[PDB]
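Using the hints provided, position chains B, C and D with the ligands relative to the given structure of chain A.
There are 4 protein chains.
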Amino acid sequence: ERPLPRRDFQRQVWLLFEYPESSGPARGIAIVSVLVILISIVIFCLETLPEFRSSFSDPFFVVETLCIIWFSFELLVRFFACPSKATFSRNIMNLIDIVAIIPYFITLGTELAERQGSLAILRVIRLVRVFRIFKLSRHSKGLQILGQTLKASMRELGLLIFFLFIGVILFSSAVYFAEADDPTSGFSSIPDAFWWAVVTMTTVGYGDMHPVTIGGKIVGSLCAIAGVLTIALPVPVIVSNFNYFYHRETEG
Amino acid sequence: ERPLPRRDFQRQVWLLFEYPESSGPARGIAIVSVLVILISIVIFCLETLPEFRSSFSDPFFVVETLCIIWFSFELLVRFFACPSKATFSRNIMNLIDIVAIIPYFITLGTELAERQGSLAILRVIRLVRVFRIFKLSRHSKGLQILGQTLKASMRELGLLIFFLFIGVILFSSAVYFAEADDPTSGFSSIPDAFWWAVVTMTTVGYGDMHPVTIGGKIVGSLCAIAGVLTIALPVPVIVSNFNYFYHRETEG
Amino acid sequence: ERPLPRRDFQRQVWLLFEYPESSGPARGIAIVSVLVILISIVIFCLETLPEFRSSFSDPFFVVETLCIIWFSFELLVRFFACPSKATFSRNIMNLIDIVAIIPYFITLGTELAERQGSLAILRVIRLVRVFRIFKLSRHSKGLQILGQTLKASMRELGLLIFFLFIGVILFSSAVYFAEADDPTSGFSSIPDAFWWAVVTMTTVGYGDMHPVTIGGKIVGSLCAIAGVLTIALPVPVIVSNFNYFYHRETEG
Amino acid sequence: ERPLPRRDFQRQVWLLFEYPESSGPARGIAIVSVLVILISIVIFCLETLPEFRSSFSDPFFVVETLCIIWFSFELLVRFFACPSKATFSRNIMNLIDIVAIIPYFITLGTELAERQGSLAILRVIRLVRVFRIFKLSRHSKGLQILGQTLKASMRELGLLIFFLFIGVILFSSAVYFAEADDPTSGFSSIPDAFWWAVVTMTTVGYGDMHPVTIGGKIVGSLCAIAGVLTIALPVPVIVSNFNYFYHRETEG
Ligand SMILES: [K+]
Ligand SMILES: [K+]
Ligand SMILES: [K+]
Ligand SMILES: [K+]
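Protein sequence lines, in the order shown, are assigned to chains A, B, C and D.
Heads up: the first sequence is residues 1 to 252, going by the numbering used here.
Heads up: the second sequence is residues 1001 to 1252, going by the numbering used here.
Heads up: the third sequence is residues 2001 to 2252, going by the numbering used here.
Heads up: the fourth sequence is residues 3001 to 3252, going by the numbering used here.
If we strip away everything but chain A, and leave its shape as in the complex, we get:
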């Protein structure tokens, strides 16, 4: 299976952290980590309400610091007790941890720089904070199976997007040209109709009464029909791969 450190004071810690099935403290650590991740998600979502829209006051920052403290401590402990370091860098869960710590530390760095004395950079850094949800993949078999299913089916995703792109261009061009005589048309240019074509091929539904002529309606009917085919073509392969990777674990 997986090698052990073969030491007096490392096998115990490695079993405690890596394998939650050995001892009661391991189960406790697992539950604690799950609760901390959920708390961080809730804080990230609630921080942006219009009511609330650098310590002591603004209690929300007292909580993000606690979460980052626990995440960093756990990462360091997992790093020190590990036999191989090349495998440690090669794993995926480890990159994810390094990404969560970063946003907080970079923010503390600019706060200090401005304390001695762009908006796009800060907005991008704030968007990168979402990846703390992917840290749940260490505790659920479903997310790991989904990862394998997606990594084994890249060709089909490529074909799906390629077919969608071809259909979008074809039908947006057709409906722009078949509806340009009237002045009471929302479609002013071909790139304006792109949205209209990606929301009726997938049958989400535009909502507005955008095609108004008769050619517009004939083209819309063809679009609605052809979306079904060019979406249903590459889906069975992905479904079959998921089924295989899902039943293999439990029944094999």
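Be aware that a few hints might be false.
Unchecked claim - Partial chain B-side listing against chain C, Cβ under 7 Å, derived: (1) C1045; (2) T1048; (3) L1049; (4) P1050; (5) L1127; (6) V1130; (7) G1142; (8) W1195; (9) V1198; (10) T1202; (11) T1203; (12) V1204; (13) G1205; (14) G1207; (15) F1242.
To be verified - With a straight-line cut-off of 20 Å between C-alpha atoms, the simulated SDA-like cross-links for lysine to any residue are: (16) A:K141 <-> A:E21; (17) D:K3141 <-> A:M154; (18) D:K3141 <-> A:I166; (19) A:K217 <-> D:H3210; (20) A:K151 <-> B:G1167.
Stated by the list, open to error - Just so you have them, the derived chain D footprint on chain C, three or more residues with Cβ under 8 Å: (21) 2189–2199; (22) 2204–2217; (23) 2232–2241.
Quick caveat, the hints were computed from the structure, so don't treat them as lab data.
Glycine included, every Cβ here is placed at the ideal spot set by N, Cα and C.
Coordinates of chains B, C and D with the ligands only, in the frame set by chain A:
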């Protein structure tokens, strides 16, 4: 099969009520019970029209009392003629009966208390009255098969809801951050966009023209595409379980 | 196979009309009949435009009379040349013919009665005229296969409608009760929400922003999810039956 | 396999152009051609923005001329180095090339005619320019597989469109007649409701609250239900054909 009371004056009644296939009176009782349940459903639905929005007058209460009388009588008869009582408590159809009688009796209790001398409690009790429809599960094989299919596929339902939750958070966050510069945006916070993400992943369709920028439209396209995959993944298992439990009875 | 009249002057006519594959005149008759049916459909649809909204003038009636003349002539010819009359009454295509002639003759009867001297009756008779499209089922194998597929799958259609009815009642009741406190709610009664529940379970999409509270949105999410399951359950059986009846003819 | 010209100065050129796998220059030519096609698509789409809405100035025409130059050169080179000419005319990719050159040359012809001295003709010629996207089918295996899948499944497409046409007529007629008494009805004639029936059978969703009576809503429910069946019937055959043609190449 199923044990009988082995008595002079119980096997007849037990056959009359439990097994509608034995004698003509059993079939008559079955049809009577079906009609009563349908009447109760119609009364429950019609009671809330704005035209009509404690005896003699308000004829609707003359009818609910009749329905409750028949339900209680049938439950008592079924309880007395039954060999095992632990099985009687362990069955499911029996809990359902106990729940239908309750709303009426509790309402009579508060009417008497106020007759000698919250809205939330009464509203909750009124909502609990819906479960009289599940009493049809004693007369249709379809509802029983559906119950078995759902009880044999809890893991897949859990995975469906988990994948939906992850996708909702990811895409609502992305579309809030990619559309916050403009003041002409309906999305004021991440929890505001939650609805928008559960209605385009499932392709029901929002209806409003909510994404207005270009990043909003790119994110919407990705959302519409990815909903299809994360919904289609766990559905074949449930379909296969239903097919098995459905054909097993008729062809086995 | 199928018995012949075994006569000097009937086998020829029966081959000409019943079997379009024998002689060139049979193919000509088939094409003529198809053209007449298409003309009648176009007349029926165009008669109701607002521009046009009992002989000589109103040329449309010159055409319906021609179509009815040909239909009646063909029916009589098919009836006289046929070995068995019990089979003639037992067939389905024959009932369809009798229904198309009727609307025209009844209209001529009331015109004569009023000529010597309700709106609901006339509207119903006008609605019954649609069934001339089903006369195409004599010339397409697809329509016949569809008829067999539907007649072999009545149980599944029943289960589909039963599950839909249960879901509609459950979710309309829930969303009415979870959204009644506010005055800015479109749902005034449970029968008012019925439509809202049949258009999000099937994912057609309401279009209006009808649920406005938070309970309304949670219930809407559950409705959108559960419609998928209770629709996908009984569809594979119908698909399999169609596939069987479709490939049986060509490859068997 | 495929015959070679068997010549001193033709096998080299034929290998360079026809087979991109032989030599590095062949790969370079392939990438150059892909870039040129993408550039032409982008120009065709961007030409129609309202900002921009015969040489030197109007730089966009400097670019279309370059693209047409390369396309024509490549077509001539491919034509001269080819063993069989009947096969050259019989191929499909060749017709596609001839169609792209044409729009530009015809436009130059009318510009010269008017230079010495309808809108519908020019609009049609502008619409025909879309087919430059199909020139990508020489470089992707997905598009070729899609072409084979569509050419092997014409009967099922015919059946799909036939069933859709029958359903559309039936339900549009029913909803027009069941909703004509009221004056507050958007449906003025049967051909007015056609659109409403093709957008709820496919579950795209109309968006407007068009059915207002009770018969309108019952008919709408039946329409939403029946669209699912008459769309799902012929889709598995097409999916199976695509799967066969897709896996045959890689695993056979
Ligand atoms: K759908
Ligand atoms: K849909
Ligand atoms: K909509
Ligand atoms: K929709």
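Each hint tested on the structure:
1. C1045: Holds, because the Cβ-Cβ distance from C1045 (chain B) to chain C comes to roughly 5 Å (cut-off 7 Å).
2. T1048: holds, 5 Å
3. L1049: holds, 5 Å
4. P1050: Cβ of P1050 (chain B) sits 6 Å from chain C, so the hint holds.
5. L1127: holds, 5 Å
6. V1130: Holds: closest Cβ of chain C sits about 5 Å from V1130 (chain B), inside 7 Å.
7. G1142: holds, 5 Å
8. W1195: At 5 Å from the nearest chain C Cβ, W1195 (chain B) passes the 7 Å test, so the hint holds.
9. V1198: holds, 5 Å
10. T1202: With Cβ-Cβ at 5 Å, under 7 Å, it holds.
11. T1203: holds, 6 Å
12. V1204: holds, 5 Å
13. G1205: holds, 4 Å
14. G1207: Constraint on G1207 (chain B) satisfied, holds at 4 Å.
15. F1242: Holds: closest Cβ of chain C sits about 5 Å from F1242 (chain B), inside 7 Å.
16. A:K141 <-> A:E21: Given that 20 Å is the threshold and the Cα spacing comes to 15 Å, the pair holds.
17. D:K3141 <-> A:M154: holds, 15 Å
18. D:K3141 <-> A:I166: holds, 14 Å
19. A:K217 <-> D:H3210: Within the cut-off at roughly 17 Å; holds.
20. A:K151 <-> B:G1167: It holds: about 18 Å lies between the C-alpha atoms, which stays within 20 Å.
21. 2189–2199: As far as the stretch 2189–2199 of chain C goes, the hint holds, because 4 residues have Cβ atoms under 8 Å from chain D.
22. 2204–2217: holds (count 4)
23. 2232–2241: holds (count 3)
In summary, this structure violates none of the numbered hints.
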